[PDB]
Every structure is written in C-alpha cells, then in structure tokens.
Amino acid sequence: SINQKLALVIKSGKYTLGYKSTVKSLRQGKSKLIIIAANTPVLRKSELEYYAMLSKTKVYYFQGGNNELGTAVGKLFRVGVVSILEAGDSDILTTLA
Amino acid sequence: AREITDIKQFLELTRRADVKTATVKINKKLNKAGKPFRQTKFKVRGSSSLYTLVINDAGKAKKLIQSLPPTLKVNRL
Amino acid sequence: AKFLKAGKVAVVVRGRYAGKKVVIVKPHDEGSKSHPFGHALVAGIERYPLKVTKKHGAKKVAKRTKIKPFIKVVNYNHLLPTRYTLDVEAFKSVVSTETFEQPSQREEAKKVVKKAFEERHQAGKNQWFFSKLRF
Amino acid sequence: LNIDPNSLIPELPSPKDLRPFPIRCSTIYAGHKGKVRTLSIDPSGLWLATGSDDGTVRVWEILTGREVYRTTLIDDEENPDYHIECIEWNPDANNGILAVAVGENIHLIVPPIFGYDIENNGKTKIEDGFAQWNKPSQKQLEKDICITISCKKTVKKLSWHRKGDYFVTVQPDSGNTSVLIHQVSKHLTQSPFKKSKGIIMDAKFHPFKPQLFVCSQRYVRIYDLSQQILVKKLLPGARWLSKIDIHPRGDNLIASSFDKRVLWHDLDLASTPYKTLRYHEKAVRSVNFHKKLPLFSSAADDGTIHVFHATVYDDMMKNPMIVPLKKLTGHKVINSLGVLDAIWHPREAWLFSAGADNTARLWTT
Amino acid sequence: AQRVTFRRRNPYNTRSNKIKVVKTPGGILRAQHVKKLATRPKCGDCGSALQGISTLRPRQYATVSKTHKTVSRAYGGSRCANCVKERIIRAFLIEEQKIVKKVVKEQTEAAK
RNA sequence: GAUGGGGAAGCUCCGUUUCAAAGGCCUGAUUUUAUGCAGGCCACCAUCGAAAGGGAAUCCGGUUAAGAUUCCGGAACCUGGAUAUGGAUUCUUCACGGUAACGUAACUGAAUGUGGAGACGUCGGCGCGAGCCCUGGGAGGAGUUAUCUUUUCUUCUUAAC
RNA sequence: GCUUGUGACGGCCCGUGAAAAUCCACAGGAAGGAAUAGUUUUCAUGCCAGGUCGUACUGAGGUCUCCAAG
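Protein chains in written order, with the entry's author numbering: chain c, 9 to 105; chain k, 2 to 78; chain Z, 2 to 136; chain m, 405 to 534, 573 to 807; chain g, 2 to 113.
What the hints contain is simulated information worked out from the structure, not anything from laboratory work. Be a bit skeptical, because a hint or two may be false.
Here are the computed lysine to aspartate or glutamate pairs in the EDC-like style, where the Cα-Cα straight-line distance is at most 16 Å [said to hold, decoys possible]:
#1 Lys34/Z <-> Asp710/m
#2 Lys64/k <-> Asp710/m
#3 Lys53/c <-> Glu97/g
#4 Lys44/k <-> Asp7/k
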C-alpha cells in the first residue's frame, strides 16, 4: 500500500508540503518525486506538471482527494501536493508508485 | 462652503476683481477647558463656493484686516 | 532541480505588469533583510514592440521597434516560470541589490536594459519574448 | 511668436549683488574606501561626521581635513545586507551626542573627542532614562556606543527636535509603524500615528512650533502633535520625493525629487508648488537650507550641486524671490551615482558635499 | 415628537421613496429623500467586488478621473488580480500545449 | 397596435416578423481608354402601454387674507455645451510605488468582443446606526404651596451639501 | 422598549427568483503625437445655459395610502 510507503518517509526522511514549497524545491532541483492529489486546481496541476518537466522529476498522481493525501501523510489538514526531497528507508523511487 | 486653513490663499481670492464684498466674523470661544478667547472668521464669496478661514490667533487677525485691499468692502460680524 | 535561474523567462502575474513577460537576471532563493521571501530580480518590457509592415517607412519603423522596459524585485508567488530561456550576459552586472532602492541608478539600469532589448529585437531573434501575451 | 529669445528669461537680480555664496572647493576629505552616503555638522562648527559602506564612521575637521576620530560599526562590511545610512549630531548646545543608523539599529555614540564637562553632560543625558533600548555589551563598549535601539526593519533616515530630547526615525517596509518618535530622557518609543499612507521616505520636525512633516513618496503631510491630527497636505508636482527641508523661520519648504524636480512650497500660498524648477540631469538626491544666510543648495545624482539665493519676506504679503547663483562641479561619478548628501556650515556660507567618489568636499566663498 | 410627510408627489412606500427623518436648523423634524445607494463594481470573471474602484451611481462615473475607475494592471478595472493571475497562468500553459502537440504531430508524420 | 402580406360585397378583421428591395455607418490622391462612384461593416424590426415599477440633481430659515422642497435671504447640487489657465504627460513621444491584496492629482486607446450597476422571492434571530420614548446635572421662564415636596410643567435646536 | 435604516449569518424551494432607458468598467491594439505654444485633459481651477404642463382646497353602511406621546 502507498500509505505504508509514504508514512515511513514522513517519519524518517526529509520532505515538504503544499504548492509554494514544492515549486521552491523543483527550482533547487532537490525534489526527487512529487505527489499530486486528484481534486487540485487544473491551472496549478498543469503548472506543477510543466515545472517537473523542466526539472526532470518523476511524477505520481495520487488517486483520491487532498483529504486522503493528508490522511496518507498522517496529518489532520488537507494537502494538494507533496514532494520527496529525501527518500526514506523504503525503495519508493524505483517502485511503480 | 469650503475650509481654507491657508492665509495667502484668502488674500489671493480678495484681489480677484470679481469679488464685491468680504466679511470678518468675530466669535467668543474657549480652549481645552481653561480660558475664553476670541476667534475670527475670514469669509469670501468665491467664484463658485464660499471659502472660510478660522484663525484662532488674534494678532494674525489684526495683521490680516490691515493687509486687505482698501477698495474692498469689509463687513464686521 | 532549481529551475528558477539567471537566464530564465517568466510571466508576471501580479501588479501593474500583470501579463507582461520578464527574465530573471539574478534569483534570491531565501530573500534578504529587505524582501524577507524567496524572490527574483527581473528586467522585462512594458510597451511591446509593435508590428511593422512594408507600408511603414523610415519614421513609423523607428516608432514601432521602440521598446519601453521595466525593472522590479518580484516574489516567486507572483511569477509564472516558463520553459523558455534568454541570453542575459549583457546586463548581469548592471542589475543587483544596490541597483534597486537608490535612483538614479535605476535610470542607467533602464538605459542599458532598453539598449539590450532593442538591439536584440532588431536582427530578428527571440521573437516569442517580444510578442504580446494574449489574455 | 515673432520675438527675441532674450525676453523669456525672467528679470532676476545678478548673483554678484547677492554675496556671499560658495564658489570653489577648499577641503578634500580623502580617507574612505566606500562612498560617503551621509554627513553631519556639530552646532558649534568643527566636528564634521561622515558615513560610508566601508562600515566606518569618521569625524573630520572643517579647516584642515584631518581625521580626528574613527569608529567602525559593522565588521563584515562588504556584506551588502546593511550599511550606515543616516547620521545626525545633537542640535543641543554643548553635549555632543552622535546618532548612527546602520541597518536595523540606531547607535547613540558620544565620542572621546571632547573631554569631561561637555561629554559627561551628554552621557548623563543618555543614562538618565533608566523597539527596545539595550545596555551596550563589551564589543559595543569598545565602539563608544552609549545605547542601541534595535528594530525589526532597516532605518534609512533620522532627525532630531530643536531641543535634542526627541528623534524621529523612518523605516521603509515597516508598514504602519514606519514613523517612530523616540525620546532619550525616558527611553520611550512612541508610534504617533495609527496608519501610514503607503511608503514614507522622510520625516522632519518644524523648527519652533510643535508639528511634524512626514514626507511620503508622493506627499508632505503636516501633522500637529498638540492635537495629534493632520493639518495641511502638500501636493508636490513631482512623483517621487527624496528629501525635504524647512525654512529656519518655518514659513516655506523645499522638496527634492527622484524624478529630477525640486519644488519650492510656500505654506501660506497654496497646496501646489509656488515654483517648479526642473533643471537637474539625474535624481535630486538632497536639498538643504542654510541656517543663518538666505541660501539653499540642491545636490543631484549627476555630481553637481546648484546653489540658490532665497529671500523670504515675513510681514509684507509679497511672494519669496528665488535666484540661482553657481553650478558647483568637479565631483566624480561612480557607477551612475553623484552627490549623495549636502549640508551647510551653521554660521557662514560654506557647504559640505558628499559624493560617490569616497570623498567629502568643503566649498568656500 | 414631530410627524413627517413625503416631500415628492409619490405617496407610496416604493424602492425610490425612502425616508430619513432629519432635524433642520429651524428646530423641526423634516423628511429627506434617500438617494438609491451605489454598489461595488464587480469581477466579470470572478463575481466579486473588485478592489480600488470607486463606488458611485452609474451616471456619476462620468465626472470622476480615470484613476478612480481603474487599477494599474492589465484587465485592471474589470477583473480581480486573482482572476487575472489565473488567466495569465492559463493562457501561458494552453499556448505551450500547442507547442507539445506540434512536436507530437511532426513526429508521427515522420513515422509515416 | 400600425407597416408587409392575407381575408372580407363591405363597415373593416387576421396577423406582429412574417418568403418586404424595411438603413445607417465607414474606407478613398478623383473612381486610368479620362472628369456618369467603387469597395466594405452590421443583421432585429414603428409605436403605445406605470403621476405606486426603473429614473441626474435642493435644503434650511423666512414670507400671505389665501402660495410654497416652487416666492425671498442664505447656502447647495445635477446635466449639457463651448473653451481659457495652472498641473501632468521627461530629457524629448501614452507616469510610477507596493512581495501581495492594492495605492495614486493626472497617466491617449478605433472597429469589435465582454463585464458591472440599473436588477429584484420570503421569513428568523443577532449586531450596529438615526429618530422617538425614560433620565442625571446645569443655564431661563410659568405654576402650586397652612402642611410635606432640592416639587409640577415648559425652553435648551442643528438641513442639503 | 417603539419607529426606521443598515451589516454579517441561518433557515423556507425541483418555487432559482421583471424588463428596458441610462451610466460606468475591462479585453482588444486602429490611429495620432515635437524644436519661436508636440500629442493628450476620466487632474485642479475658471465661463454660460437649463423649455411645456400639474401645483388652490377637501378627501368624511358607503375606494386606496403615510406619520403615531405618556
């Protein structure tokens, strides 16, 4: 499960949350894998997809809303986009997800 | 009716030659809470609207009435 | 990868120059004592060079190719970074932090910038940057 | 318009009958490695203080040009984030308190130049009072700093009262509390107004009657403090306003402008400028009155100071005459930057300049 | 405790016929007819009261300067700055989707 | 409810955009067999129908035997039109600050496309404002009083803009 | 407290809530703009003008309506 794969990284490795910080990370090239929620705005979705195309970053669409991405990271609030700066003890990069 | 808190502005208005009369209004007022004083009010019927001049000082009033053009009709109160 | 670079084209989203295209001359990834946020130093062009046909001659041609530039410190949050790129080496030492906040150093910044953009528009290259962003 | 060009120049008195006024330079102050951004002269008339982006406040003489004093504020000087912006001597007779604004804090230095009577008068005025006001640490005790007033944002300007008890400080990008009135006698930091109209560039006190002239980017706003309200509002013909200066009799006013204007406001005549004059080549960086003689200067960013004679007629309802005198040149332009500041000598017609050439100059009659 | 009459000829309680009971310098109450209130100009794209535009009667906009009817951006006096932002983003990326589609189209033609 | 059409022996009825040629604007060195006018743009439909619907802008004091938001004194505002001056439009050619929401004495903008106001159901509680009501002190007047009562009544106002 | 005005909410509907005159705004980028007053006046100040008709009073099983002290 993806929830097991993510919650490990959030308790072990370096990460970020939200739009502005992910874009800052893509500019720095320090992002390795970005996670995009389903219910995110189309303009912000296209802007992240294009920025990742520039930085050459692997892109993963999270199946389900931002609430389920907040649940996945284990936080009460909602998150539109999550990045992976540092991959944890899991092999999340080389996997399909 | 419009406030001008500006001395030479009033004197510019008096010499317009489209002005027939002026008026100097004298009042009895008090400051803060302590003492009574005397307030003057220099009013000209301007081109469109009436312009007024509150001067809380009495010496500046004493100078200004003296400084008016002598051909202009001046009205007390 | 830190894409927001010294030769990077961007589209300004906010404030008087909204819709106007820019180039980040010098990024500031973690702000300064003035501007405590991830911003960028840009030099874009306000009055776009207008179209010129074979009917226009000698004076109208001089009028159309004339470009009016602008310099502004702008936040990343009001920038739309573009895939495109532009040569910047002519005016890297011209615009800095000292260039901003103290004119008329902004004036002689604007003159070098005006020159660079007009000299680049003439001898037709980088045509996408000088076309009007239609919105 | 079949006419001569000669009947377009206004009938103005020839500058020779309006002496004295400074013509040539006498004292060249060569000691800095950075551009002299600011100046200040003592009320007595010897100790000329300078400030630069080599992080070094130097105090000079007026007749010789010898460096009588040196204090260095920042240690990592070429770190461009904060520099010495504005310095001000205390206008009070014989106490010798020097303010220095470097970045986010104001350092009140009383120097070891003077002695004991004048010095300890200044010192006891500082330590009497016992944004926050700090006790100076060991490193701060070395740099002759009596007190440091630290703030959240960068201070760019400073101006005292006529007394020397209050001093106003202006911080751009501070929002609401962009104008602050401090007092030394009680260590009280007052923010006199609950809002600020946009971005503020300058603020200077009226000479004698209690009102502050907060000078925004676009406006000059006359604020009374005995009523704590707005009184008058100046509309300069220009757009962007560098520096203000008030006539010593408190009747008239000058505004300098980044968009090349210098505007003579009469505070009796109108809200508009009485005379707009737009002659400078670059941004008019500093405009200052002489205190005694009817003179004012105008130092722009082109390395050129223009000196003007300005008669003011008090009792009679007669508009003030302003005539030009001399174009002072010779200043070196360092990367599109001329004369950063100019200050008159208190009692005679001499003028202290400060260029980007890392060199202050004194001009003489 | 003065009772107050309508001043204009309409005796009815319409939208146009609102009343403010005002004390006059003659020491008596009298009615004042309330001018129908001005509304905020609104975002054509958003549907929100756009900032920095004067709120006046429709006819009253003719008298006032252009700096009270427009903010300085593109689509200034008609949009939001958020709805302008959104269409700068949108028009950019749509314009770049056109490029990518031309790249794919030119590649497929070379394949055939 | 005319017009176009169609009925009706007819007085006149049907019909309201209909298979009507329904008209009002721009471009031009004067239009190349020599001074005869060419090309383009737009596509619904007259009009009447509200003194309670939508609507530019006026108040106060005064004045008559009887007129008042109309008259007088004072003080205003709206609309349309010529134009005059100062200011701006910056080293000459349509201004700039703020990270940003936005700010400004201005800061040209044709065809054409669009948006807002106009411009909108009804109730409930809650917040805030104005008028009325109740009241304390004080500055005046009228009253009652053998008794008690710092008593009862009245004046103490502030319009558009 | 009564009268009235206004603000933010919450219900009641698949009941989604007259039209037009008039006024403003945006997108657009046509055209124009200098060396004895360049172009532009949504900035400030200044000039002139505003026709016809109604207008008195009453309006109380028996037409409509407003103001409302203790």
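We went through each hint and held it up to the structure:
For the given pair, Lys34/Z sits about 41 Å from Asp710/m by alpha-carbon distance, which is inconsistent with the 16 Å threshold. Of the supplied pair hints, the one linking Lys64/k and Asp710/m holds, its CA atoms being roughly 14 Å apart against a limit of 16 Å. Only pairs whose Cα atoms come within 16 Å are accepted, and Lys53/c paired with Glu97/g is accepted, the gap being roughly 14 Å. For the proposed pair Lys44/k and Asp7/k, the alpha carbon gap of about 12 Å is at most 16 Å, so the pair holds.
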